[PDB]
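For reference, the chain that follows is the form deposited without nicotinamide-adenine-dinucleotide, supplied as structure tokens.
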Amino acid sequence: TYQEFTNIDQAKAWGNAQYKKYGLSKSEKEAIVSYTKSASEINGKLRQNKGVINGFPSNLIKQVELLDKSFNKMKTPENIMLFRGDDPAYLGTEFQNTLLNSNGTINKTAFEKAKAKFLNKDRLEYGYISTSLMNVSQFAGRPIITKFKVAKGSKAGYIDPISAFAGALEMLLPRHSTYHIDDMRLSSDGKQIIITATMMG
């Protein structure tokens, strides 16, 4: 079973308890802060280079390597569910402008195609993955919610306290992670795709 927080006070308490135990260095803390300030831009370069950072500038390599190594200290003590919201382009360029009907519902034919493309497949993310312990307004309007099943002992860091650029209840996952898409469904009001995926390392 995977713990899914349904109360924000419990979630915050649990995350803070993990954060206080990490024993991060000054330089690791600084690398995480720098990452939150440049997250979208850094993840793009990781994607273009397919995770190869050798060609990056010296200072950027050091930041990325510190961040990578900081995950040695940031592991979840239990099976946990993490949440992420995404826009249509997450499913591919072919879905960017076709996933939705004008009335705000997911187009059911596009959904069928998305399910055929991704269901029971593994996906590799070159960037780091930002998630949250709960879906509590920070993914408002996003048509795709992913629920990641993250096993006890997995690399995952509660960084909500570290920086003003960290998201609410943010759990950051390491770069170059692979997850398996277990299930894809529509929400009861037809306005979201809900994806369940099992995180690998």
Contents of the next structure:
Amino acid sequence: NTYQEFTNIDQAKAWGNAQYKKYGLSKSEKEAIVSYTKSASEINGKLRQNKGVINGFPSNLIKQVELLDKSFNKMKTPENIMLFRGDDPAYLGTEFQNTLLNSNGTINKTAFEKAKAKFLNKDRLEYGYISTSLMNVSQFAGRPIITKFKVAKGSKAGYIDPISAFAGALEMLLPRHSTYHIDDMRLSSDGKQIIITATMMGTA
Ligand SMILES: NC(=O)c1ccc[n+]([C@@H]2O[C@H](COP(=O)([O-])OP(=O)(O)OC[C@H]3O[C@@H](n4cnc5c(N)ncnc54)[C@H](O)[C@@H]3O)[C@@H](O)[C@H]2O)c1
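The structure above corresponds to the form deposited without nicotinamide-adenine-dinucleotide; please provide the structure of the form solved in complex with nicotinamide-adenine-dinucleotide.
Okay, now the whole complex, with that chain kicking things off.
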């Protein structure tokens, strides 16, 4: 139908803060999210490497994932919304690690055609959590791949920004084991980035 796309920083900010007041996260859930923002790539990366299974993990890490998953029972979005995200070349596969980018900073049109073939009109399963923003913010917009996610109403999604260890991200978190369908993939006006548009679905 129509996804709300925030255009103004101070509005997104207010809307998001308006959601956070309602969540009533347990003190325990809050300590688990704070810690996630300080260590996302470690956690998301173990999740990827053991394809979801958390039995090997230390007893702390298991306490932290269970609390993150639980959190989303309190955190859902009240309307259709667009979230944004930036990624580096490895996002597409090891093959694109050292080939997606030319020497001047442009997207190698060939790798783009390969990636488009490999991902366009297909589902992707992400084993880790997905961190996003309410807009294309300055910091993560410098990255070569920008993904705009369509998130439906009532879907699991949470504005954790207020208790993030870091600033300027307008951060919305989505749950792990989420799956999304990629609808479009083109280049930006200057050819320095790929814009992926994707439809978000559930978890497991
Ligand atoms: N990236 C964003 O759009 C965004 C938005 C808001 C907040 N954040 C915050 O920044 C930090 C999170 O960083 P992140 O999002 O880069 O961590 P991540 O765990 O999602 O990804 C880390 C690195 O691995 C890549 N990657 C992602 N999925 C992959 C996959 N399936 N296979 C191989 N590589 C993959 C990413 O492009 C990045 O280079 C946290 O502090 C979080 O709060 C990020």
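Only the largest set of C-alpha atoms that superpose within 1.5 Å between the two forms is called the rigid core. Positions refer to the first chain, counted from 1.
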The residue to pick from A156, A166, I144, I42, given a Cα shift of 2 Å or more between the two forms after core fitting, is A166
